[PDB]
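S.K.: We have chain A already, so just place chain A' with the ligands on it with the hints.
There are 2 protein chains.
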Amino acid sequence: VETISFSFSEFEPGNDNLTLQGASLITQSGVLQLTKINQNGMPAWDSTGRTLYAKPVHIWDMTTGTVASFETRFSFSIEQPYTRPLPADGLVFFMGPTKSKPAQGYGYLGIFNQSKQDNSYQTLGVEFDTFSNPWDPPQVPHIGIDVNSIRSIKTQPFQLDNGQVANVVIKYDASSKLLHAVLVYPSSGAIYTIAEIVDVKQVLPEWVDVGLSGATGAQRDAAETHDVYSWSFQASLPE
Amino acid sequence: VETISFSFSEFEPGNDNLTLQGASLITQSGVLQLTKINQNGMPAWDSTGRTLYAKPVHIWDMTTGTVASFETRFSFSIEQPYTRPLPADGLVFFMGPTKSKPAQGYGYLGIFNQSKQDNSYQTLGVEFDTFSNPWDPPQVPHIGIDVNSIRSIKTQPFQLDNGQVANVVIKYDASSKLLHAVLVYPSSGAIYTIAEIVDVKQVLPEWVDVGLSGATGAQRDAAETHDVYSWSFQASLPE
Ligand SMILES: OC[C@H]1O[C@@H](O[C@H]2[C@H](O)[C@@H](O)[C@H](O)O[C@@H]2CO)[C@H](O)[C@@H](O)[C@H]1O
Ligand SMILES: OC[C@H]1O[C@@H](O[C@H]2[C@H](O)[C@@H](O)[C@H](O)O[C@@H]2CO)[C@H](O)[C@@H](O)[C@H]1O
Ligand SMILES: [Ca+2]
Ligand SMILES: [Ca+2]
Ligand SMILES: [Mn+2]
Ligand SMILES: [Mn+2]
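So the sequences go chain by chain: A and A'. A prime marks a further copy of an entry chain. Quick note, the first sequence lines up with residues 1 to 239 if you use the authors' numbering. Quick note, the second sequence lines up with residues 1 to 239 if you use the authors' numbering.
Excised from the complex, chain A in its bound form:
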């Protein structure tokens, strides 16, 4: 059974277990800022940042056909400081091909290049989308399950509690092929849930890099923060 596990209760500047890409940065206070915050302390527009765990994870084995069960938990906050233009774009927890670089930002969230459903993406993502693009449902923010496309196969609207910490739990049970995610805001006590069937063998490569990506908007000040406070992950391949 090969297992891989990690827990960052806080982020350490300079640690070598995380690959930071784009605007991503760890502050001296221990928080991971996925998108840029300016000198005056406000979120910068046109920013994309990602953080990938530095070891690939063996998610399924073609020789035996077994696939791993996994769980990830993370805490984040989004602060939207201006009434207009509308804030944008959101953050995503994703799994895809190893050694990837950032793709398009804005509504593609640093992981897709257009809005087609293309099997060559080989990407699974759980988004927290704050801007309604032509491919989105009208309600934002929303949690969405993305399978080889920014056009989610399932969406769940949620209300943002501005600048408050949200706790996320995403679990995948390989036997039932069920991906279930929960978002809880301790401040208001709000609980949101989403679940869909996803057979990972049809989507992902055998080895994947796991990460978080965030992006701000395409026009001046269409921005918000995408701060992450802790992140843990565990995966077990019955092999």
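Among the hints, erroneous ones may be present.
Keeping only pairs whose Cα atoms sit at most 25 Å apart, straight-line, the calculated SDA-like set for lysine to any residue is [as the list claims (entries may be wrong)]:
(1) A':177 - A:69
(2) A':177 - A:192
(3) A':177 - A:153
(4) A:154 - A':154
(5) A':154 - A:69
(6) A:201 - A':198
(7) A:177 - A':202
(8) A:177 - A':198
(9) A:154 - A':2
(10) A:177 - A':199
(11) A:177 - A':200
(12) A:177 - A':175
(13) A':201 - A:198
(14) A':154 - A:200
(15) A':154 - A:4
(16) A':101 - A':135
(17) A':177 - A:199
(18) A:116 - A':175
(19) A':177 - A:200
(20) A:154 - A':239
(21) A':201 - A:199
(22) A:154 - A':232
(23) A:177 - A':151
(24) A':154 - A:3
(25) A:154 - A':197
(26) A:154 - A':236
(27) A':177 - A:173
(28) A':177 - A:191
(29) A':154 - A:199
(30) A':201 - A:197
(31) A':177 - A:175
(32) A':154 - A:66
Facing chain A, according to a computed beta carbon distance under 10 Å, are these residues of chain A', among others [claimed, not checked]:
(33) 168
(34) 184
(35) 186
(36) 191
(37) 192
Keep in mind that the hints were calculated from the coordinates and are not lab data. For every residue, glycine included, the Cβ atom is placed at its ideal position computed from N, Cα and C.
M.R.: What follows is chain A' with the ligands alone, placed relative to chain A:
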């Protein structure tokens, strides 16, 4: 589309929208005590109590083959006051045949009569089991999904935060046939999740009564409270 919905932010003594059975009682303070609390304020052993919503709900239609999607949310607390004997037995959210009466108590939780998997039960339940019976996993307490048997098809251990309020969300998406449940303890911030595939058409009658049932143990003082503070439910049949 026929919908049925209800929300009790608190329980009103004497309201006629709830059928109370066994030891079940609503206090003047608005809480639903599923099992008996003695004069000295401690939970009584050998007690079984249930509360059913007074209108049946149309869960699936044989003529069109459509099945309803539903969601229920409730808050409860369990207080276990003695170190020995082990506390028992737990509470369950259930759906089954209309006009039912309490079945066996103790580990059967007021809804089964033995530990066989019998299709004539026609019962779906999500339990919060506090005592490990011969049919249980060794870890208690645990959340379990029961389909025509007290022998759960899926189990998830959780740690009890004694006497604290737990918030539960159970959702069923008819399209994917996914039953997903979440338990959150606001006090510790603990989040537990369980999900399994359940095709309701193979289990339930077309019309069901929905309820909550609780039971205490078979020997002196193997007991705990099973207090419910609020309960809401909504179901929609695309018909
Ligand atoms: O406004 C944030 C939002 O912008 C979209 O891009 C717009 C851009 O803002 C606008 O100035 C330009 O004329 O056309 C673009 C076409 O939509 C992004 O696509 C969206 O993701 C957000 O970033
Ligand atoms: O102790 C609570 C526990 O009791 C089980 O029943 C026991 C009973 O306690 C014991 O005194 C008797 O000799 O045998 C019974 C067989 O197990 C219940 O089955 C269980 O659900 C709890 O209620
Ligand atoms: Ca979007
Ligand atoms: Ca039991
Ligand atoms: Mn979206
Ligand atoms: Mn059990």
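S.K.: Could you run down the list of hints and mark each one as holding or not?
M.R.: Evaluation of the provided hints:
Under the criterion of a C-alpha separation no larger than 25 Å, the hint pairing residue 177 (chain A') with residue 69 (chain A) is consistent with the structure, at around 20 Å. Between residue 177 (chain A') and residue 192 (chain A) the CA atoms are separated by roughly 18 Å; this keeps the pair inside 25 Å, and the hint holds. Restraint check for residue 177 (chain A') and residue 153 (chain A): satisfied, since their Cα atoms lie roughly 15 Å apart, inside the 25 Å limit. Our distance criterion of 25 Å between C-alpha atoms is met by residue 154 (chain A) and residue 154 (chain A'), whose separation comes to about 24 Å.
About 15 Å separates the Cα atoms of residue 154 (chain A') and residue 69 (chain A), which keeps this hinted pair within 25 Å; it holds. Taken as a hint, the residue 201 (chain A) and residue 198 (chain A') pair is honoured in the structure, with Cα atoms around 22 Å apart against an allowance of 25 Å. Among the hinted pairs, residue 177 (chain A) with residue 202 (chain A') is consistent with the structure: their alpha-carbon atoms are about 20 Å apart, no more than 25 Å. For the proposed pair residue 177 (chain A) and residue 198 (chain A'), the alpha carbon gap of about 13 Å is at most 25 Å, so the pair holds.
Distance hint between residue 154 (chain A) and residue 2 (chain A') is fulfilled; the C-alpha atoms sit about 23 Å from each other, no more than 25 Å. A distance of roughly 15 Å separates the Cα atoms of residue 177 (chain A) and residue 199 (chain A'); the hinted pair therefore holds under the 25 Å criterion. Restraint check: the Cα-Cα separation between residue 177 (chain A) and residue 200 (chain A') comes to about 18 Å, which is no more than 25 Å; the hinted pair holds. The suggested pairing of residue 177 (chain A) with residue 175 (chain A') holds, with an alpha-carbon distance near 15 Å, which does not exceed 25 Å.
Proposed proximity of residue 201 (chain A') and residue 198 (chain A) is supported: the alpha carbons are some 22 Å apart, at most 25 Å. Pair hint residue 154 (chain A') plus residue 200 (chain A) holds up; C-alpha atoms about 21 Å apart against a cutoff of 25 Å. Under the criterion of a C-alpha separation no larger than 25 Å, the hint pairing residue 154 (chain A') with residue 4 (chain A) is consistent with the structure, at around 24 Å. At roughly 24 Å between alpha-carbon atoms, residue 101 (chain A') and residue 135 (chain A') fall within 25 Å of each other, so this suggested pair holds.
At roughly 15 Å between alpha-carbon atoms, residue 177 (chain A') and residue 199 (chain A) fall within 25 Å of each other, so this suggested pair holds. Of the pairs offered as hints, the one joining residue 116 (chain A) and residue 175 (chain A') holds, with about 24 Å between alpha carbons and a cut-off of 25 Å not exceeded. Our distance criterion of 25 Å between C-alpha atoms is met by residue 177 (chain A') and residue 200 (chain A), whose separation comes to about 18 Å. Restraint check: the Cα-Cα separation between residue 154 (chain A) and residue 239 (chain A') comes to about 22 Å, which is no more than 25 Å; the hinted pair holds.
Taking the CA atoms of residue 201 (chain A') and residue 199 (chain A), the gap is about 24 Å. The hint holds against a cut of 25 Å. Restraint check for residue 154 (chain A) and residue 232 (chain A'): the C-alpha separation of about 24 Å stays at or below 25 Å, so the hint holds. The straight-line distance between the Cα atoms of residue 177 (chain A) and residue 151 (chain A') is roughly 22 Å, inside the 25 Å bound, and the hint therefore holds. About 22 Å separates the Cα atoms of residue 154 (chain A') and residue 3 (chain A), which keeps this hinted pair within 25 Å; it holds.
For the hint pairing residue 154 (chain A) with residue 197 (chain A'), the CA-to-CA distance comes to about 17 Å; that is within 25 Å, so the pair holds. A hinted pair counts as satisfied when its Cα atoms are at most 25 Å apart, and residue 154 (chain A) with residue 236 (chain A') qualifies at roughly 18 Å. Straight-line distance between C-alpha atoms of residue 177 (chain A') and residue 173 (chain A) comes to about 15 Å, which keeps the hinted pair within the 25 Å bound. For the given pair, residue 177 (chain A') sits about 21 Å from residue 191 (chain A) by alpha-carbon distance, which is consistent with the 25 Å threshold.
Distance restraint check for residue 154 (chain A') and residue 199 (chain A): the Cα-Cα separation of roughly 19 Å lies within the 25 Å cut-off, and the hinted pair is therefore satisfied. Between residue 201 (chain A') and residue 197 (chain A) the CA atoms are separated by roughly 19 Å; this keeps the pair inside 25 Å, and the hint holds. Distance hint between residue 177 (chain A') and residue 175 (chain A) is fulfilled; the C-alpha atoms sit about 15 Å from each other, no more than 25 Å. Taking the CA atoms of residue 154 (chain A') and residue 66 (chain A), the gap is about 20 Å. The hint holds against a cut of 25 Å.
Given hint, residue 168 (chain A') at the interface with chain A, holds; its Cβ is 9 Å from that chain's nearest Cβ, closer than 10 Å. The closest approach between the C-beta of residue 184 (chain A') and any C-beta of chain A is roughly 6 Å, which is under the 10 Å cut-off, so the hint is satisfied. About 6 Å separates the beta-carbon of residue 186 (chain A') from the nearest beta-carbon of chain A, less than 10 Å, and the hint is met. Evaluation of the residue 191 (chain A') hint against chain A yields a held restraint, the C-beta minimum of about 5 Å falling below 10 Å.
The interface hint given for residue 192 (chain A') holds, since its Cβ lies 8 Å from the closest Cβ of chain A, which is under the 10 Å cut-off.
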